[PDB]
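> Each chain is listed here by its residues.
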Amino acid sequence: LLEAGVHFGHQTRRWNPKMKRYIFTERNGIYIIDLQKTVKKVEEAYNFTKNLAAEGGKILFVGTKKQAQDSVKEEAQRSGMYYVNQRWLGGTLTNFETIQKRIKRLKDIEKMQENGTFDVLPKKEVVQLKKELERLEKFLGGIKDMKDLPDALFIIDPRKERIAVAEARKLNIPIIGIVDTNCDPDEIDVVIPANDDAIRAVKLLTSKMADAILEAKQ
Amino acid sequence: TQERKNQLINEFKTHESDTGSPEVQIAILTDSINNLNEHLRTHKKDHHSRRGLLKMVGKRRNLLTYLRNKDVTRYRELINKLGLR
Amino acid sequence: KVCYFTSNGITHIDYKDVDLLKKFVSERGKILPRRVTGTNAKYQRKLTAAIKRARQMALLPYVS
Amino acid sequence: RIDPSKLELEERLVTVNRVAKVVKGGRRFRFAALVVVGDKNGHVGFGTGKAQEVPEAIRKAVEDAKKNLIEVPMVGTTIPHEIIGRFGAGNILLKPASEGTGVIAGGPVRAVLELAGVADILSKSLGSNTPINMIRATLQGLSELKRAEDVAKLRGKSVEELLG
Amino acid sequence: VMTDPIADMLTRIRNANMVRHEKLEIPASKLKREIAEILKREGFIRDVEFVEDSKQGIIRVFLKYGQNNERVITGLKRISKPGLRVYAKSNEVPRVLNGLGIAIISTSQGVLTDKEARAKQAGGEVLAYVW
Amino acid sequence: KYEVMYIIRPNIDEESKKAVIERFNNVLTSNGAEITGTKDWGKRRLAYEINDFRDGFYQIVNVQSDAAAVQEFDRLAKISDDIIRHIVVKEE
RNA sequence: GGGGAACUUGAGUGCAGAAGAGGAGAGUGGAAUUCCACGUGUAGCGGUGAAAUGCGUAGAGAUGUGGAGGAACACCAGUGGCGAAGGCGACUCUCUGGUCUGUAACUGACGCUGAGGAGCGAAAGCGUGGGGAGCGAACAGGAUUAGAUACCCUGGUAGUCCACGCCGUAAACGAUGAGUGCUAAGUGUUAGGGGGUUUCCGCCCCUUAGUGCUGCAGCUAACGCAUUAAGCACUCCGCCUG
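Protein chains in written order, with the authors' numbering: chain B, 9 to 226; chain O, 4 to 88; chain R, 14 to 77; chain E, 3 to 166; chain H, 2 to 132; chain F, 3 to 94.
Since the hints were derived computationally from the structure, they do not count as laboratory data.
Be aware that one or more of the hints could be misleading.
Once the Cα atoms are required to be at most 20 Å apart in a straight line, the calculated PhoX-like pairs of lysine-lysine come out as [as the list claims (entries may be wrong)]:
id : chain 1 : residue 1 : chain 2 : residue 2
1  : E       : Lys52     : E       : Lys62
2  : E       : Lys159    : H       : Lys65
3  : E       : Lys69     : B       : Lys178
4  : H       : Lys33     : H       : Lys82
5  : R       : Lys29     : F       : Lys3
Modelling step: build the complete structure from the supplied sequences, incorporating the hints.
Given below as structure tokens:
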């Protein structure tokens, strides 16, 4: 869309003074110019993600909002890269070596429960081993195939997710992502003004991310 | 109340609509000091009015210094008829 | 949460009229505060002054 | 802007510092140490580490040093201009000394400056005399120095009118 | 009560630089007017222009921020304070920040800045250093 | 501009009722003041006992005065053995 | 800097309003406490961790009438309001100070600070004459204790109170001197003003001056401060140098 999907904005004007200083006064949507600047912004992010993904880099997808987490999860699936859906455990990329030597345990134990000798004690180890798979895989999610550090990020709510954005800022990852009206712009390289309440449009906006990253390769 | 000040301003009338004239101001000042003085003599320890007394007398005297600096002639013809030193 | 005096825009108290002060005084004789009355701030002081002059004038009782 | 560890970098230990913890069983003894690293031409960092023993303590410090570096501008083997160091009662004066004068500095400031490889510089300690606040103040200092060409760029001018 | 208009305007534009205003207003006088055009000549500022009213005028400045969101302005300093004036000889004009800094000086041949003042051998009170 | 409210004890014949209210009005109008309004309340049960009377007589006299009659009325009322209580209020 | 002619924003005067435990003086009211007289009334009251000293058959405590007296103003009451500070809460009156909003009807820089100087200045204390209900240093007794000049109990003097002088000090604190200008926002709250709604009931948006709490930038050793700066600057005073 060049039109508003569910872009009605934010309810309460408890918000952050950064870029919203003199935008025209029509309603509680005091920042109504976001409607007309979003289109040029997402297309600029579109071409930028196009050439970086055409170079051969890897994006991954982080979001723990209760309405968009599975939406971006499935989007990561059929776009063909990595994701974080549930709990962002502390320091994934600045702990990359420790995280991959923990994910090695998951790969080994899933291949053991796939084709290995399942039984040496067919209750006393198999039952909590079978638990331990989904136990780590819950908070882990789409961390099963990095083997290499990803060179870009997209976030739905950097307000909720301080840990990932600060970790990326320390690890000079270019952070991209949408900005709810309470969030803070300049710590993110390319910001896209988007209301977090748009539970329907929150997937379409990053669907417009996904077809770009799909078109970049082929 | 306000009758004495009205007659004082229209007697110290210089310009057609002057209230900002220094000669106008010190007249209302003088009546304020005298009203407060015969107030204080019957109420000696009204210190919170002694303070206003000191404020207005200081305002009076330094604006008098201003008037001396401006033109001492009109100062003289004010002082002789208002009668103080 | 409703201020009686702004609700009908009534001006100054006129202390001789009493029946509103009757239902602004507690039955044991004390003033109901703003937590139960919910009047505007600038009228509560003229209210308590009014019931004070009523109490000195002996139309409203000190204790009951 | 982060400079990787592709270069060769010299290290120099300046201080091993005894640290302690009091616990129910008694006093518990630990070792902090800070080191400064860099190259002789333009890049310098420092690193801190805590461990129970000296070699892996300075090893932790030296990996943190490999993590953090900062570039120093260098106009004719000396600093360009005036700069005072400033961090937390750490005040270090740096003055663009003339050539052939060598390094004139106190202990830790010389330890970072010679590891920066600057030929002619002179300085003074005006803040406190704890070494970590020294080095932090000095690198805050050399962080502030700018070349002439980019200042001319900000001016919309050239370098000739700014050197003269 | 406001003692030095130069100091008032000086720290006002310093304060706006440190907070990234593009807009800034300065109540007008002749002295800060030609200091405005001197700064416009030296390019520390995008544009300055004047509008007038019944109260001594009012001037506005559009302040630069370079190409990548960086401070073109790295500090300002008043020297010729009131209560303590300072004067320097024509040969003792200080090369502030050894060239990259710029000093503004009121001289007997009008007010000029540091380099042309030294070139034409003028001298006087050093008024403000900008770094 | 001063509104007056005073009480006389009920055990009084109407011959003396008119007498006291009239002489107090003459006091007010003879001390240079003018009566801008009079009102009456008659009988009203008091909020409390004062001396031995459960009851009292209420009366309203509205006077525009130059602040000379009210103090002397105050001393007359408080020296008078028939008035129990009274006040004077600036109506603004 | 000196002199001369300007101007109105700084500072002010008028005009229209608003709020206030601001102050001095006078008068008035109520609840209790104490004491006294009497009626009823028996044998305890009171007090503490236990207790004891005290008061009570000479009728106490309890209880109701009726007085005497001095004290402070319940509820209102609010990190509310006023004052420069100390501070100021019952009501009524006289006199009197100050603050804030609008207004540009008038002056045209009359401004800021302030050594010395002058004046105010909690409580305790001092002088003279009053007053003395309760409270209550000193002191008395009874407890506690190894001891207890104390903590505890029952009393209790000076004072506390008034008038007029004097002392001139406090953790007299925001442990932050006064004035001026600039710098993200959010949220109460006091007293005002303006606009659209209606000029009602009350809704919204501005708006000055305060008054609280959050919170950027910046600053600090840290705590933290943050348009009521401990930020940015300028003026003037006071002060420090283990």
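> All hints, please: hold or fail.
Tested hints:
Distance restraint check for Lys52 (chain E) and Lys62 (chain E): the Cα-Cα separation of roughly 7 Å lies within the 20 Å cut-off, and the hinted pair is therefore satisfied. Annotation: proposed proximity of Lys159 (chain E) to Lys65 (chain H) holds, straight-line Cα distance about 14 Å (limit 20 Å). A threshold of 20 Å between alpha carbons decides the hint, and for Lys69 (chain E) with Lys178 (chain B) the separation of about 11 Å falls inside it, so the pair holds. Note on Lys33 (chain H) and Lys82 (chain H): the hinted pairing holds, with a Cα-Cα distance of about 15 Å set against a maximum of 20 Å.
Distance restraint check for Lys29 (chain R) and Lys3 (chain F): the Cα-Cα separation of roughly 16 Å lies within the 20 Å cut-off, and the hinted pair is therefore satisfied.
Of the numbered hints stated above, none is contradicted by the structure.
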